[PDB]
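*Asks:* Listed here are the chains, written in short residue letters.
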Amino acid sequence: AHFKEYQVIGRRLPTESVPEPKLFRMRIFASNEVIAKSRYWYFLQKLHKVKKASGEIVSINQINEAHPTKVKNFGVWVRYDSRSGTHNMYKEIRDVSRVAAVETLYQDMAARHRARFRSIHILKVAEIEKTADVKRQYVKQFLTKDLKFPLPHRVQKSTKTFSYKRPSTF
Amino acid sequence: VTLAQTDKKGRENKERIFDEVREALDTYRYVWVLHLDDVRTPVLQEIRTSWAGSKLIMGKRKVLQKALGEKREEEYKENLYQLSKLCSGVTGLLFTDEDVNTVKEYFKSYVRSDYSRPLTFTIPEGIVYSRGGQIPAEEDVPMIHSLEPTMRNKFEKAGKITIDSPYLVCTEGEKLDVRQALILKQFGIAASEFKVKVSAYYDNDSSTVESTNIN
Amino acid sequence: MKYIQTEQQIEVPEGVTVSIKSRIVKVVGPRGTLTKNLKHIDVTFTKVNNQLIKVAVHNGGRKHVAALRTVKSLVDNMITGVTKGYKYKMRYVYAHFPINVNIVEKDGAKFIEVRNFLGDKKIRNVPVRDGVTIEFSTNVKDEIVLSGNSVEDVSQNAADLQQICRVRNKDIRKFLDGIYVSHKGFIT
Amino acid sequence: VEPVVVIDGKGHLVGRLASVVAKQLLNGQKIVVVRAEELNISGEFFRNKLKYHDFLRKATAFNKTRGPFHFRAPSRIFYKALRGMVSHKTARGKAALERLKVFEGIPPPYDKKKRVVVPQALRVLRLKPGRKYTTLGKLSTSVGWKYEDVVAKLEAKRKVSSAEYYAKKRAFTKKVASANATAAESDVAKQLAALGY
Amino acid sequence: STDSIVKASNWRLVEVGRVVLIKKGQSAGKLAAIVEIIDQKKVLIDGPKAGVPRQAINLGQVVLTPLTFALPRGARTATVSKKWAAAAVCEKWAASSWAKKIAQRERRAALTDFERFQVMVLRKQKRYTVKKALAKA
RNA sequence: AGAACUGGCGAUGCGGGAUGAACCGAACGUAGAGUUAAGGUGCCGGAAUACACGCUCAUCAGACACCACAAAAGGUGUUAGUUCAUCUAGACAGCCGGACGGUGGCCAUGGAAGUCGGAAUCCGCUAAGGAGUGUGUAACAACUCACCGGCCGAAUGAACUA
RNA sequence: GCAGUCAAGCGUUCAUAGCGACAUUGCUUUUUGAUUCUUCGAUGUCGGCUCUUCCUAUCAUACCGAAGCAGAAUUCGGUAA
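Chains as they are written, first to last, in the deposited numbering: chain S, 2 to 171; chain W, 10 to 126, 132 to 170, 176 to 234; chain H, 1 to 188; chain O, 3 to 199; chain M, 2 to 138.
The set of hints was computed from the structure by calculation and includes no laboratory data. Positions of the beta carbon are idealized from the N, C-alpha and C atoms, including for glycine. Any given hint might turn out to be false.
Unchecked claim - Label-pair distances were calculated between CB atoms; the ranges are:
1) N234/W - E16/M: 50 to 60 angstroms
2) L95/W - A159/H: 48 to 58 angstroms
3) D196/W - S137/H: 17 to 27 angstroms
4) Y167/O - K125/M: 27 to 37 angstroms
5) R124/M - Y165/S: 19 to 29 angstroms
6) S137/H - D147/S: 54 to 64 angstroms
7) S144/O - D196/W: 54 to 64 angstroms
8) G61/H - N234/W: 49 to 59 angstroms
9) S120/S - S144/O: 41 to 51 angstroms
10) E107/M - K166/S: 31 to 41 angstroms
11) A111/S - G61/H: 19 to 29 angstroms
Let's have the full structure, built from the sequences with the hints guiding it.
*Replies:* Printed below as a string of structure tokens:
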């Protein structure tokens, strides 16, 4: 769905003789609130020895985009599970917001490398501030000055089943 | 894919020649840059052994341009950048310290004979030979038949190779083809003279740029 | 990887003019006129000024861009044929049977005739295409010379002339008869 | 919207046309399809020949007459692809195929009437550019239709007669448009413009 | 007549400042100017005078209009609004025939039955003068 | 062929899997309106030739669990990736020039002079050039590469992952 | 198949744990075309006359490719029922 980027904060358990466990925050991409709490324990159990019954979640926050109408180049580090063993991948997306860029990534992974939602891990999504350090080629070609490209051979969608005009393109 | 012994040198060899030019300047007071486009390899060696006190360095252009310092402001020793701009051809720098007269006397006196890359020779209308009419044909040995598919293709009966029409490989007053150079080259005709030329001299302690031309 | 646009540049010298409606290309110059169809190749031609013409493919993949380079190679071959022209000179090595080659006109069709090839009584005919002139090389023994404006009119008729004389059921290393293309060059 | 609708067959795809025709016949509209020999099939030519040959060998072993009748004509090829879409064994399917008439070329009286096209079945709107297609008129010639030298000749006779009509029609519209232009600026013209005509 | 007659094949091509028309969506028939092109299929549009909010849109939902004006790449909404007035494209749009055709079928839908009667009586009067002017010359 | 826990068929229809005792939804009085399950929405056939990002061309393509098909291993066909090197002090491709003296090195010998062969296998001078990559003369020569150099001006090469 | 020599690959972070392809080397009755007439035992029923079709995994005819093929004669391979 429309992903929403969430901050989840976790505090293991207040016990006698160990007060104040430190605190643990993460940034989670999930389609709603309830998945992001469950996606939180999926990673945080891998990092150190906790459980959901030995845990509680402090607070959740919805992180909006800082600047939607600005156009950003994004470099995304991705770890994912293949049919063979897992291996890393670095990909670059040009998009409008952070949370819309992950939308175009999962579609890109499912198209080319046939990876569903459960196999992919999102390592770090970063904005590349300066230009001319863009590594990939297919992102780089839009950075040329005075870029103008035509859209030839446009089709037309007409509601009536019969048209009399012998219809023509552009 | 190959299995040859000799391997690529790399960037470090380009910085070694960058190192050799710097040390050669302050040691030997005269610097000589030359336009030597076509040279033979034993011709290059005998110039080195005729100048035993000298050090001679050949190398790539922008390396030798930067080793003198291609910028005006940046240089090893002073007034060095004007001579570096002049040398357009393939260069080999020279470092002798005896005389400004002996060196320009040497290159004008020195001359050899190499390939044309002038005079005209016709192939006789009989059986062709390796010399091709240089010596009398009774002393001549016929050409190898294996290089005849090279002659029917690249140069455009019995194993002795036969032409039926007379062919002229050169004509006088004419620029020779790159193909017509190879016709004289295969026959073994080194009748064109070869001479090396110099464009500029430099003196370190005088520290001025000298401009000249000999052809 | 969906290249956004790719272009090449076809140079036009002073002798020739080119007039292009949708994809039909006409080349008119000194030696003659040549035409070529291009409805299948899907490009866009654009003149800048009278000597350079850019071709362009917008938003095409690798297979679409690979066809764009050979469009430049076809139209450049058309221009040189109108200026310099093409000339293929062929020699025919016979072992024991002398090959008689003649040019006979059959109701206006101008067929190239081959006789006595390797002791065959079969009389082969090779038709001359439109826009190619065959003449025999004066003062050079054993040569047939093909010359024309178009590459595809000449080079096909050169290749058709050699495959009609192909040796069968024999070791080809010992039997060396045939007609071969010596070299490919220009008229001027 | 009309009693009998005449579909021009040129530049369409076999399947995507026959789908939208078969729904109109089951809804009661009468459709007559002309110029069948200009119809197109996606995919390259050598494919669609072999899709016909593996069909062509399928016939009843004990008596070849009783098997699938392999029709050759481009109308009959197209009528096949439509017949599989309508449930032709019931009484609803028989009365739905009596509303359909498919012809090669344009025979009289259908040359005097308007021909239409179907935008969701045009080749030039459906397939991507740089993609091989196949002309059905060439296809039936490769499998035994001995009439492409006749139907194409009658079209060259027709189009000359049709070009004379259009020039007479275009000059008459020129007189009307000139008369309509000088009729403008009148008080009846300006009141119409306010109302939008 | 030694000239190369090679055709141009003129096209509306996307750029910074190509004004467009949004056919479907929330906006539904409003003008807007492309601010920055994102990739092959998405752009970034804004029209402040018409009323469309600044948003990223797919090129499927938008149609290209031939009018252009000069505007720097990546401009904000205040800067597009100032360049919009200097070109005066809202006056240049209604001069075009394609804007008049939009307004005409809008007016023909809002015609009252009594006004639909008045359209009838006038066209009966207009055809009388035409058929006299026709069939004489 | 013989067991273990639970559900089902046998005794049980109805909707879905074209068809089917066992799968999926759901268990039945007679009827009306409403919303859904599993499954589906080009046409048969009720229902979007809806929207959105990509991939794939097959001279036997492919289309949905139970289920009616397939193996290793190959394929400059295409796509996205990893690790590595080269490069605006000029890379990759192209033409063009150099590719030498000790030394025709030693045994093999009718004769390989780098290249029928066998062991062996360094220096000199070098920007660089093998006691030699191949075409081969009966042995020579010559040509080519592998090594640099001059033109030439944007990235390129190699293995591997799926 | 067994007994070996390897190591192109793999073993959670890894050579020497543990496998381990293509390879490679060996006997199981005679390295000198001498022999050596060794047909060493299938435990539910089909064969042939007539007469059609179909599969291709092609013996012959058609056109091709490669050869370590002069011609002839053959050997190997492809399309093809």
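*Asks:* If a hint holds in the structure, say so; if it doesn't, say that too.
*Replies:* Here's how the hints hold up against the structure:
1. In this structure the hint that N234/W and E16/M lie 50 to 60 angstroms apart at CB holds, the actual value being about 58 angstroms.
2. At roughly 54 angstroms, the beta-carbon separation of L95/W and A159/H lies within the given 48 to 58 angstroms, and the hint holds.
3. The beta-carbon spacing between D196/W and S137/H, approximately 22 angstroms, falls within the hinted interval of 17 to 27 angstroms.
4. Checked against the hint of 27 to 37 angstroms, the C-beta distance between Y167/O and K125/M comes to roughly 30 angstroms, which is consistent with it.
5. Range check, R124/M to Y165/S: about 23 angstroms between beta-carbon atoms, so the 19 to 29 angstroms window is met.
6. About 58 angstroms separates the C-beta atoms of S137/H and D147/S, a value consistent with the hinted range of 54 to 64 angstroms.
7. Under the hint 54 to 64 angstroms, the C-beta atoms of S144/O and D196/W, about 55 angstroms apart, fit the expected range.
8. Between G61/H and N234/W the beta carbon distance is about 57 angstroms. The supplied range of 49 to 59 angstroms therefore holds.
9. Range check, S120/S to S144/O: Cβ separation about 50 angstroms, and the 41 to 51 angstroms hint holds.
10. Between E107/M and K166/S the beta carbons are some 22 angstroms apart, a value that contradicts the proposed interval 31 to 41 angstroms.
11. At about 21 angstroms, the beta-carbon gap between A111/S and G61/H stays in the expected band of 19 to 29 angstroms.
In terms of the numbered hints stated before, the structure departs from hint 10 and from no other.
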